[PDB]
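Asks: Now for the letters of each chain:
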Amino acid sequence: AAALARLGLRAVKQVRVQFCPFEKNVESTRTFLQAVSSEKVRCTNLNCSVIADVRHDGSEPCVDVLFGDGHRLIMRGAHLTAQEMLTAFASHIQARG
Amino acid sequence: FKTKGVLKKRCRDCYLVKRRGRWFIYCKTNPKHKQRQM
Amino acid sequence: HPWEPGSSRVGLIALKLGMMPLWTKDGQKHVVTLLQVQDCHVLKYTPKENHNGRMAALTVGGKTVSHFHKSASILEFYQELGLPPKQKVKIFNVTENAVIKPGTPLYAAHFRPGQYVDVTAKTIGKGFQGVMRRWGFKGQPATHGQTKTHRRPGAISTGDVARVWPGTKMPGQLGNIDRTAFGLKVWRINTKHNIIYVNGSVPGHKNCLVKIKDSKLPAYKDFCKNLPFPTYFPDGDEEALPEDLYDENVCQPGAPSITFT
Amino acid sequence: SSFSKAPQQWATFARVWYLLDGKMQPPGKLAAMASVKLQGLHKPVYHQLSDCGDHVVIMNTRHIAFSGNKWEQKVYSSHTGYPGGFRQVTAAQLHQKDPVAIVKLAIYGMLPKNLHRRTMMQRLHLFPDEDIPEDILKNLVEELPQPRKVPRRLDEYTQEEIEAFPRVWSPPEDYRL
Amino acid sequence: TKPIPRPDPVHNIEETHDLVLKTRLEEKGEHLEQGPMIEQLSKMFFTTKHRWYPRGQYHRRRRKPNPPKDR
Amino acid sequence: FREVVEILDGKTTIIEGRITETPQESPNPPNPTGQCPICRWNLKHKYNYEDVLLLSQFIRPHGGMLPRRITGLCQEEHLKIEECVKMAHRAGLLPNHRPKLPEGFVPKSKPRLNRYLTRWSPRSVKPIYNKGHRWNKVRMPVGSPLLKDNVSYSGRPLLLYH
RNA sequence: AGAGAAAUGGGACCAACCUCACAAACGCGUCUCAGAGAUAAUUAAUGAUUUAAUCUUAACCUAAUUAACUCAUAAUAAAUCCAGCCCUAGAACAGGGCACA
RNA sequence: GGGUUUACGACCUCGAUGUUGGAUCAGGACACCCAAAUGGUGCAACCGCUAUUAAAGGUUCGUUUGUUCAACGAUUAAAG
Ligand SMILES: [Mg+2]
Ligand SMILES: [Mg+2]
Ligand SMILES: [Mg+2]
Ligand SMILES: [Mg+2]
Ligand SMILES: [Mg+2]
Ligand SMILES: [Mg+2]
Ligand SMILES: [Mg+2]
Ligand SMILES: [Mg+2]
Ligand SMILES: [Mg+2]
Ligand SMILES: [Mg+2]
Ligand SMILES: [Mg+2]
Ligand SMILES: [Mg+2]
Ligand SMILES: [Mg+2]
Ligand SMILES: [Mg+2]
Ligand SMILES: [Mg+2]
Ligand SMILES: [Mg+2]
Ligand SMILES: [Mg+2]
Ligand SMILES: [Mg+2]
Ligand SMILES: [Mg+2]
Ligand SMILES: [Mg+2]
Ligand SMILES: [Mg+2]
Ligand SMILES: [Zn+2]
Ligand SMILES: [Zn+2]
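Order-wise, the sequence lines are chains A, B, C, D, E and F.
Counting with this note's numbering, you get residues 1 to 97 for the letters of the first sequence.
Counting with this note's numbering, you get residues 1001 to 1038 for the letters of the second sequence.
Counting with this note's numbering, you get residues 2001 to 2261 for the letters of the third sequence.
Counting with this note's numbering, you get residues 3001 to 3177 for the letters of the fourth sequence.
Counting with this note's numbering, you get residues 4001 to 4071 for the letters of the fifth sequence.
Counting with this note's numbering, you get residues 5001 to 5162 for the letters of the sixth sequence.
The reader is advised that the hints may include incorrect statements.
[Unchecked claim] Once the Cα atoms are required to be at most 25 Å apart in a straight line, the calculated DSS-like pairs of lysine-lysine come out as:
| id | chain 1 | residue 1 | chain 2 | residue 2 |
| --- | --- | --- | --- | --- |
| 1 | F | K5110 | D | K3023 |
| 2 | C | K2070 | C | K2090 |
| 3 | F | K5086 | D | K3149 |
| 4 | F | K5086 | D | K3097 |
Simulated from the structure, these hints should not be mistaken for laboratory data.
Starting from the given sequences, assemble the full structure and let the hints guide the process.
Replies: Structure follows, in structure tokens:
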């Protein structure tokens, strides 16, 4: 979470993580959710909206990040590592932001 | 840079790297902590 | 063949007449040397693969000499060529695109006013001279007590070496060696008498043969573009050049006596 | 066996031309057999006073191979005699300047330290690549074996042998290469 | 085995006079200096130039005129 | 094997994970009682820098080493295999395990010097100018010292310094 | 970063002055002086062992990079006539001339 | 770690290894003065201080003292 805290996340509008807690590949998804919902990310910018969608029969975790460059980053993370998702999101928002 | 025979970190930000056949204590916070094993 | 950026041109073999002054339009005064191109003929042509593997070689002969003092082989070569024997025979390394048929004469109009050249010749051989005149070593004082040491070189080596090093400067032959001066600018080109005015000192005594070539300095490597690439052919243009080709800064003999403003 | 004296002597002390490939070969192991064949220590009729010597043609000299980091550690120091003319050329720089010089100096060192060294060196022929004139090629008799077995690359192995070589470990599917 | 090569070509034969054509290939000669001769001999026999030089009286006197022979 | 696929569709990046099929271990190991892979396949003190088929089982397509926690090897053999992989890469084996750069493959350089059994890096060793005398000799190291316990069919010890 | 000027030293020559009662010698006088590679120390690009980072006694290509040191380039680089007479060529020996006059 | 001053022992020479300073000639080493590329500074810039790599080239002219040294005058990029 320190990476997203020091990267200046002021340039994001909405981050939603849609998942189902009763699946078998939600570890990295919930890790990413906590890393983006940490207190430092919140204190970096207060205008952002963090949403955690919880379902039971979706069976497909996903992350949608809409930011004001007219950009929509969609990551269907079902087998990717939480660290890989975090570093990819960081590189993308640092390249376009 | 300081050429020494025994390198040692001076703060928690110095990292030891093996380069050019020697050891180098590199510090980004305090640049005066740059040490090189002779 | 057309001119190329990585191409070179053949040189000449002239006769050093003497020295003269030459005033520039800015009021300055330079010293020129007169080189007379008496007879320049391409004797033989050696191919690139047969000479160096990188550049072809052209053989150039100097002025005319007598048949009654050359050997059988040289006279046979000149008989098969159809030309009288030459005194000095030199080799010029040129590219494979600037080759000329052997037996072709060359003229001092080969160069144009404003250019840099190189000059090679044997300097004035002063014979077996002392070290003070050869290398410039300082001598000992004259009369403060020195006995038979007014011009000795002194110590020649050290003690523990128990010998002298091969590069030790010592009295020996001085002067008779092929030396080359680079980057000499040419001012005036006389077409009638085939005289070239080369700036600066030219190594070699007067009335001697001198090998002139294009300046191989890196600052003047691509200056052969506006000049005639193969050589100066007086029959190709069907036009006679002026008597004296002056540079853009040489104060010509006929001048309005320029004054500053 | 029942030859005349002159042809028997000629066949006994005849000279032989050998071939030696130096591609991916150590200069030491090359110069070993090179000096052996030069001195003639492969003939039971060898003697010091006799001039029994054979010619060796070493090809693919530029493609020589040094073991270890000698390419950057080993130096070849020469001196022109003049003061300050003491040059120390790295092995790589010397090989880049002249590809023959490496194996030439190796053989010149492995040969004995007598006057016959120049004589038996004049019988040596070293070529950087496989560009041998015909008058030299038509002299070869046989080719000596390579002293070092050249190891295969990964793409040089056949797929049947690749599948014959068993898999040691079972990688998990969740990992990313 | 491989067959025996046999090369036979006398290009000096002229249709005008065979008596002259026979001598055209026999009157060939060449004379060089000591240096070039020694160099060519060394290049031919794959030796150095130090062997082809002659020797002195002190060594040419001490050679045994009638050396023993075995067999 | 897991692969990260990225799709660019109108300022919208789609990053997805794709799992492919990976080959499994051979069915019959010669010594199933060993815990370590090499120690149970009885390849201990058997592999070398020449054995490419064994070293190529666990290396990233870009020549990288595979982590020990995922491989499963004992520490000593892992270090030995790392040394062997470094030596093979320096020697010139594994040609298909280099990163593809179409911009850098065009400007060819001086030819790669043929080397093998190299210990250090080609760009980190200074040439010996003193070279020492017979009693004090600066020995030139060749090969890794970790492989001194290989089986010697000739019986002579391996010259680690020459 | 861009223009010039000078000195030292390497190598040369008398158009003028200076030494100068030989036609030459000489400085105090005049002319010229260079392209490429490589690096040691030190920076950054990608990247694993250590799924992050990290200039790498981890590979593959990377780039600004001390002087040396080599190489482009230049100098010599047409062999078997030499009695005699000259030479800005020379101790002797060598070398260049003796046809325009 | 080096053998640059003094001393230590007297191993080589006392049927001879001629002894300090200067003139000429310098060769070599780097434990680098300048010139070249850098790191760190209580480095704001000019001046500075130290460390690394680098030896192709240089390291002045005078008064006094026989002086090596030593003080002073004028400079240089420096007077190792
Ligand atoms: Mg003279
Ligand atoms: Mg005087
Ligand atoms: Mg007296
Ligand atoms: Mg007296
Ligand atoms: Mg006197
Ligand atoms: Mg001695
Ligand atoms: Mg000068
Ligand atoms: Mg005078
Ligand atoms: Mg990474
Ligand atoms: Mg960083
Ligand atoms: Mg060269
Ligand atoms: Mg003569
Ligand atoms: Mg002493
Ligand atoms: Mg003592
Ligand atoms: Mg004694
Ligand atoms: Mg005594
Ligand atoms: Mg005595
Ligand atoms: Mg010196
Ligand atoms: Mg140093
Ligand atoms: Mg400096
Ligand atoms: Mg010096
Ligand atoms: Zn620090
Ligand atoms: Zn194990």
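Asks: All the hints need checking, so say for each whether the structure fits it.
Replies: Going down the list of hints, with the structure as the test:
A threshold of 25 Å between alpha carbons decides the hint, and for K5110 of chain F with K3023 of chain D the separation of about 17 Å falls inside it, so the pair holds. Between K2070 of chain C and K2090 of chain C the CA atoms are separated by roughly 17 Å; this keeps the pair inside 25 Å, and the hint holds. Simply put, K5086 of chain F and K3149 of chain D have alpha-carbon atoms about 21 Å apart, close enough for the 25 Å limit, and the pair holds. For the hint pairing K5086 of chain F with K3097 of chain D, the CA-to-CA distance comes to about 29 Å; that exceeds 25 Å, so the pair is violated.
Hint 4 from the list above is the single one not met by this structure.
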